[PDB]
Amino acid sequence: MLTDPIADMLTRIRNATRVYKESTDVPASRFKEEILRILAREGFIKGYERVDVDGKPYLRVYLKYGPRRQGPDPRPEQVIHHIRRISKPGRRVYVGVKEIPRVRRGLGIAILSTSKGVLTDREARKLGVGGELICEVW
Amino acid sequence: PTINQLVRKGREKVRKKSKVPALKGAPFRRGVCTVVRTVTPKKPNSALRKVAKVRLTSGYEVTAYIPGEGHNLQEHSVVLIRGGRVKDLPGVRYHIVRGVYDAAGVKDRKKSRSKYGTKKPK
Amino acid sequence: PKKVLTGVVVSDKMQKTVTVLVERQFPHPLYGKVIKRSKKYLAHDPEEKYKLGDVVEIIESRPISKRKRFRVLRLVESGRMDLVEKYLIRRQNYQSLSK
Amino acid sequence: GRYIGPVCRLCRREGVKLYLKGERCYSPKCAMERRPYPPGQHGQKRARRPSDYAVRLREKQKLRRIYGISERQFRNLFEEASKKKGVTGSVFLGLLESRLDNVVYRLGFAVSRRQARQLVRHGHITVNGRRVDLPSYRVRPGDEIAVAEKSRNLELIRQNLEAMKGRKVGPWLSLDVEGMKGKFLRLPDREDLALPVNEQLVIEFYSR
Amino acid sequence: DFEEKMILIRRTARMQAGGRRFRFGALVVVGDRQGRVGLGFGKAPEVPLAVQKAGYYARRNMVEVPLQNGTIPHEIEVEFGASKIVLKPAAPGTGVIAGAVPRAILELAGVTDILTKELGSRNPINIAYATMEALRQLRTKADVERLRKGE
RNA sequence: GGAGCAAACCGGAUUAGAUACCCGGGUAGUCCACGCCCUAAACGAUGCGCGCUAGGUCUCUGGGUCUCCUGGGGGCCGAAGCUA
RNA sequence: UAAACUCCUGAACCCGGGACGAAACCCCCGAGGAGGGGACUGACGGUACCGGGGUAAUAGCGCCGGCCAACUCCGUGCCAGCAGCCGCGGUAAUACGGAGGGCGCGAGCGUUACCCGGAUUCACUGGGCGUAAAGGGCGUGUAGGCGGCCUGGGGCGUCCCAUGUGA
Ligand SMILES: [Zn+2]
Numbered sequence: 001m002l003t004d005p006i007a008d009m010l011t012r013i014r015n016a017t018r019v020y021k022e023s024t025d026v027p028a029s030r031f032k033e034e035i036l037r038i039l040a041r042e043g044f045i046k047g048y049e050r051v052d053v054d055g056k057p058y059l060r061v062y063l064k065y066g067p068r069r070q071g072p073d074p075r076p077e078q079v080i081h082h083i084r085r086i087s088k089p090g091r092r093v094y095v096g097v098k099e100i101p102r103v104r105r106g107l108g109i110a111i112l113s114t115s116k117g118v119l120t121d122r123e124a125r126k127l128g129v130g131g132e133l134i135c136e137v138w
Numbered sequence: 004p005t006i007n008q009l010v011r012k013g014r015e016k017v018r019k020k021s022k023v024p025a026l027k028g029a030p031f032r033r034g035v036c037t038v039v040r041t042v043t044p045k046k047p048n049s050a051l052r053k054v055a056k057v058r059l060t061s062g063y064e065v066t067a068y069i070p071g072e073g074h075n076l077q078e079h080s081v082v083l084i085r086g087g088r089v090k091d092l093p094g095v096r097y098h099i100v101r102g103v104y105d106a107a108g109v110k111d112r113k114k115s116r117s118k119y120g121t122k123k124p125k
Numbered sequence: 002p003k004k005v006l007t008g009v010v011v012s013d014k015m016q017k018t019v020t021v022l023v024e025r026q027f028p029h030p031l032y033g034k035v036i037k038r039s040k041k042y043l044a045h046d047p048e049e050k051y052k053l054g055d056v057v058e059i060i061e062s063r064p065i066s067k068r069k070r071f072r073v074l075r076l077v078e079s080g081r082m083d084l085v086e087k088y089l090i091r092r093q094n095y096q097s098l099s100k
Numbered sequence: 002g003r004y005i006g007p008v009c010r011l012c013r014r015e016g017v018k019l020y021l022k023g024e025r026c027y028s029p030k031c032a033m034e035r036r037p038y039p040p041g042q043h044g045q046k047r048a049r050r051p052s053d054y055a056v057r058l059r060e061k062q063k064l065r066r067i068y069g070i071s072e073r074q075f076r077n078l079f080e081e082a083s084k085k086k087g088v089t090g091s092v093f094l095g096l097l098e099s100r101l102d103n104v105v106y107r108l109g110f111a112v113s114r115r116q117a118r119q120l121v122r123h124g125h126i127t128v129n130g131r132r133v134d135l136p137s138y139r140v141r142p143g144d145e146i147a148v149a150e151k152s153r154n155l156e157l158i159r160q161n162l163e164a165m166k167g168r169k170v171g172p173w174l175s176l177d178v179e180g181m182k183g184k185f186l187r188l189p190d191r192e193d194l195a196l197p198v199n200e201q202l203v204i205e206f207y208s209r
Numbered sequence: 005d006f007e008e009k010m011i012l013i014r015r016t017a018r019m020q021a022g023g024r025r026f027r028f029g030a031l032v033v034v035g036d037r038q039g040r041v042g043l044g045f046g047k048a049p050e051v052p053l054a055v056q057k058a059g060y061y062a063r064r065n066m067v068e069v070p071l072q073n074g075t076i077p078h079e080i081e082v083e084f085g086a087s088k089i090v091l092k093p094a095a096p097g098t099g100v101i102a103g104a105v106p107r108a109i110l111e112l113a114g115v116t117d118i119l120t121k122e123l124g125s126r127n128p129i130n131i132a133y134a135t136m137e138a139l140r141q142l143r144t145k146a147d148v149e150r151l152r153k154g155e
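Top to bottom, those sequences are chains AS08, AS12, AS17, AS04 and AS05. Everything in the first sequence is counted per the deposited numbering, starting at 1 for the first residue and increasing by one. Everything in the second sequence is counted per the deposited numbering, starting at 4 for the first residue and increasing by one. Everything in the third sequence is counted per the deposited numbering, starting at 2 for the first residue and increasing by one. Everything in the fourth sequence is counted per the deposited numbering, starting at 2 for the first residue and increasing by one. Everything in the fifth sequence is counted per the deposited numbering, starting at 5 for the first residue and increasing by one.
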């Protein structure tokens, strides 16, 4: 039945990266867009686009990686180090502005859900509005 | 377990129990002896010890190690239990207190006198 | 202000009284989860108008009896036998617990 | 109270010149000068690789002796620092340097800091015109530290102030030997101090 | 020409009819105290000749650390399978608070102010290695906005 | 209901002893109906449902003009990763 | 440098001075009001404090094998005894007991008791369950828990500002 559409995506992504795939699809969502639209605005991916699969709405996620490395295992450093889900479907989590978390000391983003809209972290204290913490990314 | 299991069943609390039934959780309990007797110690070691059973205020009765060289505890001599286990001796989780009551201090000792109720010489 | 809760009647088997059940979801004070809890109140229905299945708004009122400290304010929507079951279904379960 | 018992036998233990000795430690013997090794029946014997606790401990004890202060007081003035915002390393020493007995030594009023103590604890020393014989008094910025009128002509001070003539002392202290008056310009930074101590170990040892 | 401090020199014993011959474990650290660090682990029947090998393996395996005004560039947790390590940035005058083991690592890193702890297992040899994979994964801001650029 | 097998049970040998191993015999049982029993190394010692993450090869099975792809099921080998 | 020895300082004590805390009720003018005025009252206490004079003037306690820092001699010989854990003692003990010395701390130092900590060892932050303790013997299913893509209203949760309370 697919329990949490939102964590599946971050996993589609996560997994898609460890094998260094140029692209990976994830079923459409006017919300899921509000997530990717951010991960790209913050350069974790080259962006995306809505594609057509067997007559079904999907979202291709074009991945990004560092350069090939020097020495043992030319594995390129991951552009998406971390992408864990914080607010889960079994355990919802909502934060007030006066306590929004800071992902890995400033270098990390905490994409969350608020009334004003779907926003990052600094962009959440910009508009000084809290909401449901979707997930942390670095 | 799922957080929902936690809402329901919830995390279980330890609840520790005392290795010293001294009553009132009291740091010391007066008691008179009933019999002072030497007892040999446990597995890895051997040496006829000096111990005694002490009937307590609370109608109790316990065995407590008498530490130090030589003692003057007979039968009806009262003493102060200090509570403390001796590994050498199975089933003795109490110490007689020296320099207190009918249990005098130590004869001639100079090092660590406080740990044995021994007055500083002149 | 006089406290008010939305709820659902689940017994008009009493003379001019009713058994109003109201759920109250709230964030657990340790595990975040929004856990619903429920309480039963008894409302003073002088006109014997409020029947079973009724969803009502009750108001903190001057005591009417031992456990009647609330009067029903106004109806919400009649036919609601669906929810009423949920409660009476849990009832039958207690039987299959003892021994 | 103070360490009373021999104090130039720590001079050795540390291996760091502790001028808790007046004219002595300068002269051809802070004792240490003659015997640069640890006290005891051993001491002069192949040293043993100190443990982390050790090095930290030892660096931590080295400090307390120099200021000849109670460990109660010492620690309780450390916490005081930890609380206030700022770097705890330097700030710690600042409080220390605001000791009335210290300001005395550091200004030069008394030859040793062991003497800077008694001379205060004998009412010899006043602040802002008013007598203060409590060795702990926390010197605030601006306070004029000086001697009384009952000491203006006393053998000792007149042989220290004699030996205080112009010779600069303390980048945060104005000293007027002519009238025997001294002032505490400001709290001291770090660079103004240079005790043979690592303030970055002490902070560590106090985590156990 | 750098700096040296060994964390431990154990006495591993093996079996062979009649008796039991031994080698040794030598874990060491090297670091100029300004951004370069090197842990090493060598072995040899000789106790000195051990740390002397460990020292060479040291200068070999190296790692620049993105020191930030004397501290870490950002906190990190790193699981070396068996043992867990936690590193945090700290304001000035905080000190090196850590197990004695990861301490050496950081005190040789040039680190001066840090917050850390060791979760789960606490085997020296592994903790060490973790701490090493820890630093080899620190990311200063530039190193970040460079990747997330790729222009 | 009872041919075969077979705890227990007796006998032969073995053994210092042999209530055991081995052998000859042997009853409940093993089988049927009906009821009760509800245990287990009830073991993949791996709860279930769903999405994701290279392939190679053997087999069972269903569809497709088929030295090949496409579903399902049983094995082995191994990408990444996981693991004490 | 510890000691004696030299010099200076002068806790203790002595004499002298000596409070803050205490201005209102009271009273006159005014009017018994406002306001102005005038008068008494201190247990602590002859205390704090100040001035003078002024004598070198108690040190104690725990430990010293590892954790955990501080080692040697001597006695004892699985005895006497130490012990919080691992353990030490059966002629060579830095672990028993004196001493030398030393580490810590100081009018305290130890000990016992109990509390949190370490214990990330009940785990929300933060653990797990193929063999280490741990998958229910296996199914069906009640309550519960969780739930796909889209447009809209409501706005409970959620978020936010103001405000009352949070003595
Ligand atoms: Zn000296």
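The hints are simulated quantities; they were obtained by calculation from the structure and are not laboratory data. Heads up, some of the hints might be wrong.
Partial list, derived from the structure: chain AS12 residues whose beta carbon lies under 10 Å from chain AS17 [said to hold, decoys possible]: (1) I6; (2) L9; (3) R14; (4) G62; (5) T66.
Even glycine gets a Cβ: it sits at the ideal position worked out from N, Cα and C.
These are the hints, each one checked on the structure:
1. Here the hint on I6 (chain AS12) is kept, as its CB sits about 5 Å from the closest CB of chain AS17, short of 10 Å.
2. With a cut of 10 Å, the hint placing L9 (chain AS12) at the interface with chain AS17 holds, because the nearest CB-to-CB distance is about 5 Å.
3. With its C-beta approaching chain AS17 no nearer than about 9 Å, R14 (chain AS12) sits inside the 10 Å limit, and its interface hint holds.
4. About 42 Å separates the beta-carbon of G62 (chain AS12) from the nearest beta-carbon of chain AS17, more than 10 Å, and the hint is not met.
5. For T66 (chain AS12), the interface hint is violated, since its Cβ never comes within 10 Å of a Cβ in chain AS17; the closest pair sits about 46 Å apart.
Of the numbered hints stated above, those contradicted by the structure are hints 4, 5, listed in ascending order.
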